[PDB]
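K.L.:
Below, each chain spelled out in residue letters.
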Amino acid sequence: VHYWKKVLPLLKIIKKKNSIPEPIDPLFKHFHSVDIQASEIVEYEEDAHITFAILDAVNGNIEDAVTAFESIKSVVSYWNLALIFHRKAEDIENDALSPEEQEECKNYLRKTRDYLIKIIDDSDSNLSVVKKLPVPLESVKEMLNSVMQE
Amino acid sequence: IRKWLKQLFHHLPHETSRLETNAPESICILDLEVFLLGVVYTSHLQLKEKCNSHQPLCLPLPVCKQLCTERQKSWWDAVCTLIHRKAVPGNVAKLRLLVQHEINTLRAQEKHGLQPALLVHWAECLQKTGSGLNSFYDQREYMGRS
Amino acid sequence: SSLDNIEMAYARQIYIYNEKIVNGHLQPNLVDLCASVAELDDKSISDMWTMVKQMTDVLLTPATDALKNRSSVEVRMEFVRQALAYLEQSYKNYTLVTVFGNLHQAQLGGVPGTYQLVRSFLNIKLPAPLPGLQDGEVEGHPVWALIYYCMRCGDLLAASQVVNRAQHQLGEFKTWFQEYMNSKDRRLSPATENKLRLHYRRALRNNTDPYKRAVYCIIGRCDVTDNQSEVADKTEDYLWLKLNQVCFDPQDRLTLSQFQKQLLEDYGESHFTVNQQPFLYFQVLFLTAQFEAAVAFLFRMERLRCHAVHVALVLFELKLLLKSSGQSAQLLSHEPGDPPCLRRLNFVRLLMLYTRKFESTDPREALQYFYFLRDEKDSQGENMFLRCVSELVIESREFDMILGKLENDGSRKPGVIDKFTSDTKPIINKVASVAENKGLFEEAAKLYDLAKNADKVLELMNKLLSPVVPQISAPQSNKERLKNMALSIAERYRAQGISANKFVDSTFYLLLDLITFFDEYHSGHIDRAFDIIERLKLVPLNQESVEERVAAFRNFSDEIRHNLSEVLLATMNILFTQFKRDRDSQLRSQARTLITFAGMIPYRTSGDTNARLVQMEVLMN
Numbered sequence: 603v604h605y606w607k608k609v610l611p612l613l614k615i616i617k618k619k620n621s622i623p624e625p626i627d628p629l630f631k632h633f634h635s636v637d638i639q640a641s642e643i644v645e646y647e648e649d650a651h652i653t654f655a656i657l658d659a660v661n662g663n664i665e666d667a668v669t670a671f672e673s674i675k676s677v678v679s680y681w682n683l684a685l686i687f688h689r690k691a692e693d694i695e696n697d698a699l700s701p702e703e704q705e706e707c708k709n710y711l712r713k714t715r716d717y718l719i720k721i722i723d724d725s726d727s728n729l730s731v732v733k734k735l736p737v738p739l740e741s742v743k744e745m746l747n748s749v750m751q752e
Numbered sequence: 453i454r455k456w457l458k459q460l461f462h463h464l465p466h467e468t469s470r471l472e473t474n475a476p477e478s479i480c481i482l483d484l485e486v487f488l489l490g491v492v493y494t495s496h497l498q499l500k501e502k503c504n505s506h511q512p513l514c515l516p517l518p519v520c521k522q523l524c525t526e527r528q529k530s531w532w533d534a535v536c537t538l539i540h541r542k543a544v545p546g547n548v549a550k551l552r553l554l555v556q557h558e559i560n561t562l563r564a565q566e567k568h569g570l571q572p573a574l575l576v577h578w579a580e581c582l583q584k585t586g587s588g589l590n591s592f593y594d595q596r597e598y599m600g601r602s
Numbered sequence: 176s177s178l179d180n181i182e183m184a185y186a187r188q189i190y191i192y193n194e195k196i197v198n199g200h201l202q203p204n205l206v207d208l209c210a211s212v213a214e215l216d217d218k219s220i221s222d223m224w225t226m227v228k229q230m231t232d233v234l235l236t237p238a239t240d241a242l243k244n245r246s247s248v249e250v251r252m253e254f255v256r257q258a259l260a261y262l263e264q265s266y267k268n269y270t271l272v273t274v275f276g277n278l279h280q281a282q283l284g285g286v287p288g289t290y291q292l293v294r295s296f297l298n299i300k301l302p303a304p305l306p307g308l309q310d311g312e313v314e315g316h317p318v319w320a321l322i323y324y325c326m327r328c329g330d331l332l333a334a335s336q337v338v339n340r341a342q343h344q345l346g347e348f349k350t351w352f353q354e355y356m357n358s359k360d361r362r363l364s365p366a367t368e369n370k371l372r373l374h375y376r377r378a379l380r381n382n383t384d385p386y387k388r389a390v391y392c393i394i395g396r397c398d399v400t401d402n403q404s405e406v407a408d409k410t411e412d413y414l415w416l417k418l419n420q421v422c423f424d431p432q433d434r435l436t437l438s439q440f441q442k443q444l445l446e447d448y449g450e451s452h453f454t455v456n457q458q459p460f461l462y463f464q465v466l467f468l469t470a471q472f473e474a475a476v477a478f479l480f481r482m483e484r485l486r487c488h489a490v491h492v493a494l495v496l497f498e499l500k501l502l503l504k505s506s507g508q509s510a511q512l513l514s515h516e517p518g519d520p521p522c523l524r525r526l527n528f529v530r531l532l533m534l535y536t537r538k539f540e541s542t543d544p545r546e547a548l549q550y551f552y553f554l555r556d557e558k559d560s561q562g563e564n565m566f567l568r569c570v571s572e573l574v575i576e577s578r579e580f581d582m583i584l585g586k587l588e589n590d591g592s593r594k595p596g597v598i599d600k601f602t603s604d605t606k607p608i609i610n611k612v613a614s615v616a617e618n619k620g621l622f623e624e625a626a627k628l629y630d631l632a633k634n635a636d637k638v639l640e641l642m643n644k645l646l647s648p649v650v651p652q653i654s655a656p657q658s659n660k661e662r663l664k665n666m667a668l669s670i671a672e673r674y675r676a677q678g679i680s681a682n683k684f685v686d687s688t689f690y691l692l693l694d695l696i697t698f699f700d701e702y703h704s705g706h707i708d709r710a711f712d713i714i715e716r717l718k719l720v721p722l723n724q725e726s727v728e729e730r731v732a733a734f735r736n737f738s739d740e741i742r743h744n745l746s747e748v749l750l751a752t753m754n755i756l757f758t759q760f761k762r780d781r782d783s784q785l786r787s788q789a790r791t792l793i794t795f796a797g798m799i800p801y802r803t804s805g806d807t808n809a810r811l812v813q814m815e816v817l818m819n
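Keeping their order, the protein sequence lines are chains c5, c3 and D5.
Just remember that the entry's author numbering sits 602 ahead of the position in the first sequence, which is counted from 1.
Residues 453 to 506, 511 to 602 (the entry's author numbering) are what the second sequence spells out, left to right.
Residues 176 to 424, 431 to 762, 780 to 819 (the entry's author numbering) are what the third sequence spells out, left to right.
Mixed in with the good hints there might be a few duds.
Capping the alpha-carbon separation at 30 angstroms, the derived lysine-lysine pairs in BS3-like fashion look like this [to be verified]:
| no. | chain 1 | residue 1 | chain 2 | residue 2 |
| --- | --- | --- | --- | --- |
| 1 | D5 | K218 | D5 | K228 |
| 2 | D5 | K644 | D5 | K558 |
| 3 | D5 | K409 | c5 | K608 |
| 4 | c3 | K567 | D5 | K218 |
| 5 | c5 | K713 | c5 | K608 |
| 6 | c5 | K734 | c5 | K720 |
| 7 | c5 | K614 | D5 | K538 |
| 8 | c5 | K690 | c3 | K567 |
| 9 | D5 | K633 | c5 | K607 |
| 10 | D5 | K633 | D5 | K594 |
| 11 | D5 | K218 | c5 | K608 |
| 12 | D5 | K243 | c3 | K550 |
Calculated from the structure, these hints are not laboratory results.
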């Protein structure tokens, strides 16, 4: 997130096709071979917004993390959405507690199952998506087996 | 007690997200749990004072008279009728306000009619109530209020 | 004072509302506290607050999020009813002033029944009979005119009475209307609603009686595109005509979201402000639940800033205003992860603008408005109210008034901020911190001393004293004005047993002794001044003490080592004078001691000083 927060100001200037202030004796040689282009800007802004959401989730701002994750239909956002929906279910799933709450708890586990299935459905169909998986495919399937046996 | 209230007001959240206001749509099982504690802590002391002027445990339920103040009873009857959806469209606004009046006390807000001993009793009674819970959600809530 | 008559009166009302919350009292009705001033102005403003109260007087869910209340179909439905009840009553007052010249005039004779009023209203607005009316008359007026203006005034009963005296003429309309009056939410049953709509659409789509057309699709909520411009010629008549046509869950149907968006998107301010009448547009936005739009809009009229800020506060103290999370956004915006039909108000900026106007010479009133920001923070974590008080003190430089003046006797008369929070230690350091960063040490000391932060008070007091240690203390000089404050800080720090770490503290009382050493030296009290320097054990006078005194100089504050040059010379010049007045051996021995000390000490102007010291010792012999 830190490095992202430092780039986005640059990307915005690059987004309007302006010039970046070149460095003074840089430590890591600059190259125009990999200079960022407008074609890729919106992607980074998106990929960054994921990284923001992930940290928000890890810190506790689940409401804002989910709100962000759901906004973009990405394979990685599924694994995050699924991973955090599963945790809200598992903890509340077996202790004595309000029955109405228990139904809401199960409902989250139902969402987990769905998102993992969307991952595998889109994964098996296309190879490019297999490479975007934030974790290995077999790991995603591993959770699903346990998710449904729950 | 927390299990009693779950048996009465089903799917009433333990703690309401919108704790900022005292509107009685934000009533929570904690508020009720905090309420009954005072009702009993208050009732016990009142009866203790009575017999001192004149066993209190020994009275059976029908024989004994009202053990709570009509104020407290009015509140419970109101929030009950409201939650269970057996209020009256006309009286909705009145019932709603009757509940609202006491919320600020159950949450120790502006001008709470709370003796320090009753607050402490609420605090520890919730800590130990929460410290024995298994889940984190419930632990956090009860510890927070405490 | 930068506050106009109206703005000032509002400030006082907001002080009350703050005094109540600052003393824990009952949360009074803010909307009522604002309408209290409105009556002091023209009715253009009073009728606004009347709308504000009635549009906000909806049963809410206390302690619930703002966005949730405003998204719930439950609340969105009651808004439409509260507005319709305002448009109906508002029109009813128009009908009174139309018949009687003054509201007072109508009241003395007695407000007549809505039926007889409407009848006495038709007499004027249609003196001659229109040839296109239908279904005859009733007691001298067309039956459909009476029904419409009765429904427009909001008295369905008065309208139903009209129907009862024309049962034969109106046909099946009786059983339909009697159902509309019974069913809540001004809606009929789908079956009966279908029966009348198809009948109207069948052969009455274009009838020569406009009042008949209006009533039918007000009862059936049909022909939403036809604005019935024959009868609804005013703007309020349009709003009321449509809010009686909105629906809730595909053809010939309009919903509040479509209507509210359709109005301002297609027909923006431009359409509703061509007559240079601002409230007309405000009423359009406010009576459609678009409170943020109406607030920002009305906040731009430089003559109505006061009113738009407060109608924002009311919506804010009622958990109805939709605040903008980010403080970097514009005044009005739609969050990216929200539906497009709702808008958000950058409430923080809103108050920040209003305040800058009268924050310069009216601080007290500014704080009252800054308090509403107590519940918000910024990206850096500071409490918005606390930060606003820091910025307001840095700019206004009103320390005694806002922070409480700490007199030189040990008292702390509380300031205006003391009312709002009892933890005033951070901001006093914040304000003291910047003034310290701006080389305003004499102030930063007074401020740090106000918060009883002796670590910083004595630190700064060390810097202000060292330059002035050897100087001549003369009336009104910078020495007197600093020495006298340092002593007023020495007493109050001893009587109250306060002290910083020994490094800062030792140096502070050491300088005070030296300042006394030169004040006695410059006065010619040689004997008295010699005694002081001897106590301090700073300069050796017997050869045995040279080793230890030399080691001590290494770890003494540089604010002391700086003035070592002047101390040695004064002490020497002291012995020097006493010599010209056994004792001779004793002075001679001490003279030597000072030299060897100075010889082993590397210090300021050691060149000129070490030379002069040696010369003065030679003249002694």
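K.L.:
State for each hint whether it applies.
P.N.:
Hints, one by one, checked against the model:
no. : hint                              : in the structure
1   : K218 (chain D5) - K228 (chain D5) : 15 angstroms, holds
2   : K644 (chain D5) - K558 (chain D5) : 36 angstroms, violated
3   : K409 (chain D5) - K608 (chain c5) : 56 angstroms, violated
4   : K567 (chain c3) - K218 (chain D5) : 38 angstroms, violated
5   : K713 (chain c5) - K608 (chain c5) : 35 angstroms, violated
6   : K734 (chain c5) - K720 (chain c5) : 14 angstroms, holds
7   : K614 (chain c5) - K538 (chain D5) : 34 angstroms, violated
8   : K690 (chain c5) - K567 (chain c3) : 37 angstroms, violated
9   : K633 (chain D5) - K607 (chain c5) : 40 angstroms, violated
10  : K633 (chain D5) - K594 (chain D5) : 14 angstroms, holds
11  : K218 (chain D5) - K608 (chain c5) : 55 angstroms, violated
12  : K243 (chain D5) - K550 (chain c3) : 23 angstroms, holds
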